[PDB]
Every structure is written in C-alpha cells, then in structure tokens.
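Quick heads-up: it's one chain on its own, the form deposited without the named molecule, in structure tokens.
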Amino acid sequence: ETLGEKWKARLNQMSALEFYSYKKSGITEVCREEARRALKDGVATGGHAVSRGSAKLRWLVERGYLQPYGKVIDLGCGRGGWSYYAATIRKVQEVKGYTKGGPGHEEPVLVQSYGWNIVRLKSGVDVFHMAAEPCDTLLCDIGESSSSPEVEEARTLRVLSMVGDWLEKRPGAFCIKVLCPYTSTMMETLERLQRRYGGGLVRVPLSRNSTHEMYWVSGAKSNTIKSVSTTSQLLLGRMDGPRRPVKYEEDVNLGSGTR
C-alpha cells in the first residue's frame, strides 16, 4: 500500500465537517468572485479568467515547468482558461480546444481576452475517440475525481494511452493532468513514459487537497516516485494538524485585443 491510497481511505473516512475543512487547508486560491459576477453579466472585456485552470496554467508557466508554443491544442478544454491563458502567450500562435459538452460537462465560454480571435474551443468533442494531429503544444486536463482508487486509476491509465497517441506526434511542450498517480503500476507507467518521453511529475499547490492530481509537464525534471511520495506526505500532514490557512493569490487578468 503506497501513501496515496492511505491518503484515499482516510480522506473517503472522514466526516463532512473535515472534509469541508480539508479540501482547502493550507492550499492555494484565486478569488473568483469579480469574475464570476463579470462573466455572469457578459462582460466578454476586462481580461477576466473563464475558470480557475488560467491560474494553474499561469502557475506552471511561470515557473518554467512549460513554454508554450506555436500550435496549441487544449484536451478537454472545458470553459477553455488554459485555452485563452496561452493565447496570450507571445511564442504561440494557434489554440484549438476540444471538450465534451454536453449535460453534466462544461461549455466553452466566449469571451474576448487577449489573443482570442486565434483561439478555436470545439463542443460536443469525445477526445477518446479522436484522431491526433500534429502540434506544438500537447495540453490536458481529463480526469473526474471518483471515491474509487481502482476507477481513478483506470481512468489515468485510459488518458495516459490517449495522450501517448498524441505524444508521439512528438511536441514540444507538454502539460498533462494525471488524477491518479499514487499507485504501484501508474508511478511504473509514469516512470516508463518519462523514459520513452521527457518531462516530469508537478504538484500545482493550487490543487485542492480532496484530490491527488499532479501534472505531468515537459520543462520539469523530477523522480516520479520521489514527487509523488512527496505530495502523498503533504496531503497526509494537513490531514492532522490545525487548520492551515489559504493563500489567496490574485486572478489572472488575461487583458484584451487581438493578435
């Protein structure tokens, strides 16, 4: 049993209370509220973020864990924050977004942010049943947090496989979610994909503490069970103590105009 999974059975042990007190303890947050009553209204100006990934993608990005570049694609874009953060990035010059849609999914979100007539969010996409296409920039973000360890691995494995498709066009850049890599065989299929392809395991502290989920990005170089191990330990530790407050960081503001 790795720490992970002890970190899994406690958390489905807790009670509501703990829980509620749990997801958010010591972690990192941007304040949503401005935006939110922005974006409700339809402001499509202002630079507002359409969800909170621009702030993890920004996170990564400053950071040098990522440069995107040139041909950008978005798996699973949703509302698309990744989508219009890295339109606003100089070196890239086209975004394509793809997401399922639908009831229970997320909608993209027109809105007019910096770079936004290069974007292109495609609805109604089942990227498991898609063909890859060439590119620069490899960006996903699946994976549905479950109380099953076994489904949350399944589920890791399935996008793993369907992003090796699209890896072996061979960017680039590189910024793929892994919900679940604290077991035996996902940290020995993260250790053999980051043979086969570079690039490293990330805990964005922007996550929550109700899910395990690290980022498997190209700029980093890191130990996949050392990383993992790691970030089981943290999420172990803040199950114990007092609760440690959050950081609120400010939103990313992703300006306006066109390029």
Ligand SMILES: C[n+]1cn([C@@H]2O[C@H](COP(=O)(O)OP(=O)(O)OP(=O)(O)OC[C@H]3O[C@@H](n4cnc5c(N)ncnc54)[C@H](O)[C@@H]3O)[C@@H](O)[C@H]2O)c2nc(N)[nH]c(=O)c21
Contents of the next structure:
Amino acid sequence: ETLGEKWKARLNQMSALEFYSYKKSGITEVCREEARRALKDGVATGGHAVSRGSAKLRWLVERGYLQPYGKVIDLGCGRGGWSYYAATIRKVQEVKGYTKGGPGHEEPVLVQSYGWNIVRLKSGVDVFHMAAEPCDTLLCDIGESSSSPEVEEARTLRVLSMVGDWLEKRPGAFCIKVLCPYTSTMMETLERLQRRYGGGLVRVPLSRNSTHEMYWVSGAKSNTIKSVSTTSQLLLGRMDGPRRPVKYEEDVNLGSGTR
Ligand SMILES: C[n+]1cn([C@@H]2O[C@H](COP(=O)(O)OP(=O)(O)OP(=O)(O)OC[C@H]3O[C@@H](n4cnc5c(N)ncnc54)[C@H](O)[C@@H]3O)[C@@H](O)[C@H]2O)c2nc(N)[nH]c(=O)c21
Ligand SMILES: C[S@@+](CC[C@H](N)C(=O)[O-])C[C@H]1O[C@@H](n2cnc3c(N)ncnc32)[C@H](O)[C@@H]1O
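Show the form solved in complex with the named molecule, please, the one above being the form deposited without the named molecule.
Shown next: the complete complex, the earlier chain at its head.
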C-alpha cells in the first residue's frame, strides 16, 4: 500500500465535518463570485473566466510547465476555461475544444474574452469514440472522481490509453489530468509514458485536498514516484493539525476583443 492509497483510505474514513474542514485546508482558492454574477447576468465582456480551470492552467503556464502555441486541442473542455485562457496566449493561433455535454455534464459557455474568435467549442462529443488529429498543444482535463481508488485508477488508465493516440502525433506542448497517480501500476505506467513522451507530474495548489489529482505537463521533468509521494505527503500532513486558512487570490482576467 502506497502513501496515496493510505491517504484515500484516511479520507474515506473521515467524518463529514472533518471532511468539510479538510477539503480546502490551506489550499489556494480563486475569487469567483463576481464572475458568477456577471456570467449569469449575461456579461460577455469584462474578461470573466467561465470556470476555475482558467486559474489552474494559468498557474501551470506562468511557471513554465507548458508553453501553448499553434493549434490547441482541449479534450473535455467543459465550459471552456482552459480554451478561453489558451486563446489569450501570443503563440496560440487556434483553439478547438471538445466536451461530452448532455445530462450530468457541463455545456460550453459562449463568452467574448480576448481571442474568442479563434475558439470553437464542440459539445456532444465522446473523445473516447473520436479519431485523433494533429495538434501543437494537447490539453486534457478528464477524470471523474470516485470513492473507490480502483475505479479512479481504471478511469485514469482509460484516459492515458485514450491520450496515447493523440500524443503519437507528437506535440509539442501538453497538459493532461492524472486523477489517480498514487497506485503502483499507475506510477509504473506513468514512468513508462514519461520515458516515451517526456514531461512530468505537477501538483497544482488550486486543487482541493480531497483529490490527489496531478497534471502531466511537457515542460516539467521529474521522478514520478518522488513527486507523487511528495504530493501524498502534503495531503497526509494536512489531516493532522488544525485547519489552515485558505489562501484566496484574484481570479484571472481574460480581457476582451478579437485577434
Ligand atoms: C462528500 N465526500 C467526498 N469524499 C471523498 O472525496 C473524494 C473527492 O470528492 P470531490 O473532489 O468530488 O468533491 P466532494 O466530494 O467534496 O464534492 P462532490 O459533490 O464533487 O463529490 C461527491 C462525491 O463524493 C463521494 N462521497 C459522498 N459521500 C461520501 C462518504 N460518506 N464517503 C466517501 N465518499 C463520499 C461520492 O462518490 C460522490 O460522488 C471522493 O472520492 C471521496 O472519497 C468524502 N469522504 C468522507 N469521509 N466523507 C464525505 O462526506 C466525502
Ligand atoms: C471539469 S471539466 C474540466 C474543466 C474545464 N477544463 C474548464 O476549465 O472549464 C472536465 C470535463 O470533461 C468532460 N468529459 C468527461 N468525460 C468525457 C468524454 N468521454 N468525452 C468528452 N468530454 C468528457 C466533462 O463533461 C467535464 O465537463
């Protein structure tokens, strides 16, 4: 049993109150409420992000873990946070997002942030039932949580299988959600994939403690085992002391206009 698995076990064993305190203990959070007021008022200007995702991707870019450029594919784009953020980057020329939509799933949001005209979000698409196509930047944020670490592992594995085909067209720059990187098989498969395609795992502090999600990005390079175990150490450590205050931040502004 690995540290992450012990973390998952401890997590599931927690009482609901303890879990409420723990999920956001000491994490970085972005203020979103003005963005929700504006978005539900139908304000397409003002440069509001459609989701929290834009803050995540930003965190990865501003620290040089990936450098988006050219044609960007966003698998599981959802509302389009990653896509709309990617549209604001200089070297990025075109952004194409794909999401499942329908019952239980997010629909694409139309907004006129900077570079909205080079963005196209397609809904009603199963990326698993979709032929891969060439791209400079490969983004993927698929990985639904589960109380069962085995289910999370299986879903993550299916995701990696799916993104293999896109990666063999060889970008470039990529960022891929790894929901469950804390099992033995997962870490070994990630070692393999890291030797084949490069890149490394990175924990984003905007992530909640209730998820062990890490991001496989091209501009990172690190021992998978060590970074995963470091993350696990952080999450484990945050279960013992008092509740650490939330570090609130300003949400990313994506401006307005076309390109
Ligand atoms: C609500 N919840 C979630 N988790 C754990 O957190 C992980 C990720 O959770 P999340 O990041 O999706 O966000 P959160 O759960 O806070 O809210 P959301 O609505 O997004 O998640 C709902 C999911 O939580 C899970 N869940 C609900 N109640 C419990 C519970 N009593 N024990 C374990 N898992 C639960 C269900 O699978 C459900 O699909 C889950 O895989 C689960 O093991 C919990 N653990 C305890 N001990 N008590 C909880 O109440 C709890
Ligand atoms: C939570 S989102 C990511 C957030 C998004 N990047 C943003 O910044 O707004 C992940 C999305 O992937 C979508 N998804 C899950 N499985 C999918 C599949 N098989 N095909 C297409 N989209 C899927 C879900 O609907 C979900 O909205």
